[PDB]
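First the structure, which I've put down as structure tokens, then a few questions once you've had a look.
For this view, one protein chain was removed and the others were kept in their places.
Note that the chains are named A, B, C, D and E in the order they appear, and that numbering of residues resets to 1 at the start of each chain.
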Amino acid sequence: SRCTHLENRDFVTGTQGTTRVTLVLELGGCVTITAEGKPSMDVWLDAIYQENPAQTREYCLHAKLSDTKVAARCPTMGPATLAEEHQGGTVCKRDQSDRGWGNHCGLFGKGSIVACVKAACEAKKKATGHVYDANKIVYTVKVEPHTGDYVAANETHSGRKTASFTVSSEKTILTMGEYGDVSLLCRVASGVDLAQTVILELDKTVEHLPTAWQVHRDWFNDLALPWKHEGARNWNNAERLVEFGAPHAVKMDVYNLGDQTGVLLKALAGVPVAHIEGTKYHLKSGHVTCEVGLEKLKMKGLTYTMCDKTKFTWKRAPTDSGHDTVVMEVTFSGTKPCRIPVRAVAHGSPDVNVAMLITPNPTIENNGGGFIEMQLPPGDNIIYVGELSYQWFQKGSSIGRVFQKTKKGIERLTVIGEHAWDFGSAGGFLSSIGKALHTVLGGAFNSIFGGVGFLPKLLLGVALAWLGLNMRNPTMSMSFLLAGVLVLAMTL
Amino acid sequence: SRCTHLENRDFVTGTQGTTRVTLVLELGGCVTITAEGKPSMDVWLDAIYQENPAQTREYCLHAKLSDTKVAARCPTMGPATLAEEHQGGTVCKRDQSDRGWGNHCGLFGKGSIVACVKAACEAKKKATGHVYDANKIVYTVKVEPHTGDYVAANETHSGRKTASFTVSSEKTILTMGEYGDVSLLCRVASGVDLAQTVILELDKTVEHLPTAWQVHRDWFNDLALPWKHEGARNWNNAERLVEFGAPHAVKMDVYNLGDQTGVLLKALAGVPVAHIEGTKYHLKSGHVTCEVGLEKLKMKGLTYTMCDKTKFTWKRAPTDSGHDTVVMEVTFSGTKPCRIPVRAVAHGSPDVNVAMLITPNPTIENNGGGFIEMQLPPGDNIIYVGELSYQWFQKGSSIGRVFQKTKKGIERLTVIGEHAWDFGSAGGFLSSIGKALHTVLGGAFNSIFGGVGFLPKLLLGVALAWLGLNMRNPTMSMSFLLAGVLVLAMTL
Amino acid sequence: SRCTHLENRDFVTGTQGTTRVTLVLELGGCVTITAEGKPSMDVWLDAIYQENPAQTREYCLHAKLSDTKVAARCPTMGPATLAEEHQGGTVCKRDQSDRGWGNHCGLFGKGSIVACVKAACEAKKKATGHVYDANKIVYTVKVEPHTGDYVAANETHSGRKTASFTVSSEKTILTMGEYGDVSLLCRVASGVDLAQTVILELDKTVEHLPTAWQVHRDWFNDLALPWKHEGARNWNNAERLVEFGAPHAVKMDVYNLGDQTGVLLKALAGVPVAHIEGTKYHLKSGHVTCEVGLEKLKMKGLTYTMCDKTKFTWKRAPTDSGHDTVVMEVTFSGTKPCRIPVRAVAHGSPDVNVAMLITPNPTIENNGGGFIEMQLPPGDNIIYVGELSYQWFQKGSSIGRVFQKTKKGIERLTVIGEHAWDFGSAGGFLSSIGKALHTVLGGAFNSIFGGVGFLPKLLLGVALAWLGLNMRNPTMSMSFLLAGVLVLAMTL
Amino acid sequence: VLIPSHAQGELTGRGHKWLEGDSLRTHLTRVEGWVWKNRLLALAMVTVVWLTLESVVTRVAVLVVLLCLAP
Amino acid sequence: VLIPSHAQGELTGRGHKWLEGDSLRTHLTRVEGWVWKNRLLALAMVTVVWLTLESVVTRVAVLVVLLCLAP
Partner (left out) sequence: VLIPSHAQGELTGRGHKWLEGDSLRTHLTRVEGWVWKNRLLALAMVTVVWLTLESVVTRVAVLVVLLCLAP
């Protein structure tokens, strides 16, 4: 199970009749689908990329200056000109100096002076942007069934199937070995908002840096540096890295502003990174609302016999999973294949199996099987595998796990979860109303307040709260409700 | 489809029973007629011209002066005369100078002096006006059927038929290939108000200028320049370009006022241009209320079979149309001809085709076909062409497209739309009342306020608004209603 | 006498003791200096010029356009560039067009487009400015003594001496034949305000125009046309004559604004003209406060005898002078030289000479003499030249001539007379106080209200007058005094 | 584009100029131009005089200005 | 002599014109032209606002007009 590897994990239930499940496959997560009568599956979003996308504005972070040429004129002798006041990639600035008799002028006052330098760009100092064409973006969803084996991250699981999802895909039927088939319908349009996402790329050959980034569109198109496009020979706004000193009446000094990489890297405080692999431009933060059909699945090995109750041992002892579940691995020595008699009673000599399994129908195969995951109720529990009993104290609480999911559910409701009420399935007056009550409010405070930052949101909300303290009309004293929103909603 | 080329486009519906459609074919627009059971047509106004129309007042923008002759007399010695004080095209001015003994006069005081010059005109500096005879004007309406092919602007479509409309045309039956026939009844009388339209023409051989213009009659007949008619040898009011200095008692200097082209071109701020092609004097702004009969049309290829669902590919991918519709082009490889199984479901696993087509019955022919235009509802949509599915997110809104047409409908109601309530068909208490409630109001504030400009309309309305603030009678306090008109109606 | 030729003429008296006279030699005037015991002189300003002055900003009134090059790009395909977006004398404008499939683009929306033309200038359409260096300007004052001869304007007088006045001249002693010497000290610094005067020059070879003009500095440096300097190959702000139409998605049309000579000539309504003669750039409006010393003068022919009283005749009869004086010319036939016995009695047979002469000591010479100018009191007068009596009726009045000079004195107080209280000599509490009471007021309402024109001065003064009608404080009701200034002072 | 008029400056003058009277009177032919083209509006401003304001001193202050405001 | 402007007529238009914005905004650069050249007079009209009239509705009626009256 891949869901046992990483921290973030969500369990999705399903009764007899629940066959269509709408997930929100967020990147860097893993969803375990559990359904009564069906083998449990682990579905996650793997990668989001596009091979060789179109590239927008480049930038120059370190100006390469050469050929300083300065001309000047006496104060009534035809203001100064140069041949390089028109050529491409040349920064020029006109100024009035103070011509004396030291520099041989008939009169005094304000003589014209102008300097021009060739503003090239240093090699491998370009902030190349990239954008995603929605017609060529490739989502990638991988599905792994709970086979009862265990495969570590260094290794690759056998039955882990992979389904790509371009714009030109409706539904993919995946042959899951002997467990049946699964259908995945991915809304590739309603995934990452590709209109407002620019993949920033510096020199990717530098060792101790991320290969790329993921910046907002409005931020990237409003930088104050020199810029051009692909194939353009000469720059635009090239004076933004070149400053000119006040002249001493014959020469006007030209000052570069050096490298600007450090200023840019400080400006990306709290920006999600992005990976570049060869030509593919991956992402490391995103989501997609794929829908899973479960009607073509079946459990594997219901026709098998029960195992001998004596012949179980341990390759690995039972231990906590970090998700209020229990994981383990047994080893069988008798005749294979057979079903593993797994049960767990709490405390009553009750003969009441309270082991809500995660891997359903655990079966030792002829070459694998043994990994068993279960969820136990809080308190003292005794886990049985045939005639192999282990004490266990489930460290949670009764309301502790309910309070756990709401702590998840609130942090599910990040900007991913602003889009994602659809983690359930057809709530009607529960979830479909949730989309209505949030889009008209969340979308309203994204148009305004969109690109203002944490500190003004923690300030302007308090300012509108303070106007609630000193307000004339009690009808207009309901501006205190914004303190209930602006101090709370967009502060997480 | 020509309607896919340009920005301005209007869709006209038609139910079972709707067979006569009254359009308003405005120039530089395109109207797509859609009717249930009928093949959809694109009807636009193409050109408005008249070969060699009658020409009114010419002008002279650069006076050619020659033969300066000055005569003067001593102050009591019989006031000065000349032979050129009567001849045609000669500007003269009498004045009293100050004769001394330096210029050999017996007495002092005020001696008479007069100068005369021959005021010709420079070649190719004439502001020749032209007017439209309603009996010889030629409207031109072109109709293109939605054939399922695509033809770019460089190319010429096959089935695009062209019908001229003089005053001596009632109805034209157009053979639209195999789609049937269409009847066009153009009210050539009620098109552009030809009484108040003058085609201004300067030197049309000048490279970097428009060949002609389109000015109001009252503006053109009230210029303050020299003028004549065709065949006239000599000018009228020729002193309007010639000014005379105060004399120095023997000679009175004659000063030309140079070229006047620059003053005239600045005076045309916000005037629609007009093109001259050989002898034809086109327009680039106008309209005509042609009526379209649809009873002699039929769809093409209802007897054809359905295509193979596998054998579709793409010459060109689906994309947005800029008119809240979706356009695309498929490529078929099996047996031809056949009907293309086009459908699109939104999101319910519904098997409900919500693709309101614009090109009806899309059919691949033996040598063409594939261009398919449809309008989808807002939200996530999956477009099917047989077994060829594409995700689509329609970027509009539910009320967004209704608010789109009203933004169109208001800007439809320009001076074109002041005439045009007739874009529907027989509204009765909807549209025929609209003609009544607007002609008596719009015509009233065209008689007054007609030829005053934006700034006085934004001033005199506020002045009559300000009188509403300080008014004696509450019955006469309803002059505030003019602020509801003059600040709003004639300010767009 | 040159002062008898033209209309404008001022007489300056001088008593026994008056030897230094401070004049204001305004251009296009003539001053007759009269002094008791001294021969009367005619001093005028003749010409103000500078040979080949420095030339400031040129202009272009008619743009010469060529080489239209247009490039365009599909809406997400790297916004359009050209090689001519940098070269000198090239106007370019970027715009967003509407790219379709008619012009072969993958997507729709707003495709970039840009056009560039070579903005040269038409030959002989340049508004060349010129300014006056105070170190090289040449004033020219000519002094003619009343010799008793007469010389017309076609002819040149013998004793008319000419003295130039650069910055490098202090005083010039002029040998006036036998009348003695005269000293002229010209304040060349305090003449025309050369800092705020620009000589505008169009094509001077054009027949029916003035050769040059004289405009204010602040007006000339704030035109909105293309401009350069001498020797500059390419223009600045060359887009001010070129306008670009909205593109039709492949080509963007480039429209010239034609000649602009007519707009410029209408903008010079009320500007004093200036003449160009070869290389010299004259003026036709100006003044200079030269001071005339009279100490080295003496009357000519006091040692001569009186003429025979019988032998006078007339070359030209007595007649009016147009300056309330009487001019005539006698012819003598006896022995020459001798003094002419001129007298005139009014009416009493009184033998009382009331002929206040202008030409003192009228003497017939061996080759000339006879022109006699006098001023007579109003009424019937009998003019005697020896034994040669003529009736005369002086057409003026008693208070008529006093009211004449005050009508002169007010129109003396134009902007010339705003500077000129110094037409007298050392007034102290009369004239030196006049400089004090006017410079602090006239200079105050030149800093403000300087460059506003007749109509706002006739409006803003009435506005400040109207605030006097509705004012709170009686102390602040003295803003009505501005109606006594603004409606009167700067309205002449 | 726009060249402003030089009735602003008006330095001096005893020689020759262009148009002594037409510096002022072109602004007095625009106003006469507004009347003969808009006779229906020239009579419409009579409704200001004897009906609305009835403030003789400031009646003229509306009449003269609103005619001069129309360029 | 004078050619009047044709912002008066304004028939129709869906083709091409000269200057859509500069028919209105040349009259909005004259007024901005009056301010930056006469800063001493721009502050002089502030004396109308808070001192003389004190009639907020009709304060603006003097300010806007007298700026537009100066051509």
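As a convention for this text, contacts are C-beta pairs under 8 Å (C-beta built on N, C-alpha and C of every residue); 3 or more make two chains touch, one makes a residue touch a chain.
Only one of the listed residues, A:71, A:209 or A:471, touches the absent chain: A:471.
For the options A:123, A:153 or A:246, the residue in contact with the chain missing from this view is A:246. Of the candidate positions A:356, A:410, A:459 or A:478, contact with the hidden chain is made by A:459. In the full complex, subunit A touches the hidden chain at residues 243, 245-246, 253, 255, 266, 448, 451-452, 455-456, 459-460, 463, 467, 470-471.
By our rule, only the chains that are shown with their structure count from here on.
Counting C-beta pairs in contact across B-E and across B-D gives the higher total for B-E.
One finds 15 Å separating the Cα centroids of subunit D and subunit E.
The set of subunit D residues touching two or more other chains comprises 1-2, 4-5, 16, 18-19, 22, 26, 33, 69, 71.
For subunit B, the set of residues touching two or more other chains reads 210, 218, 222, 255, 257, 260, 263, 265-266, 451-453, 455.
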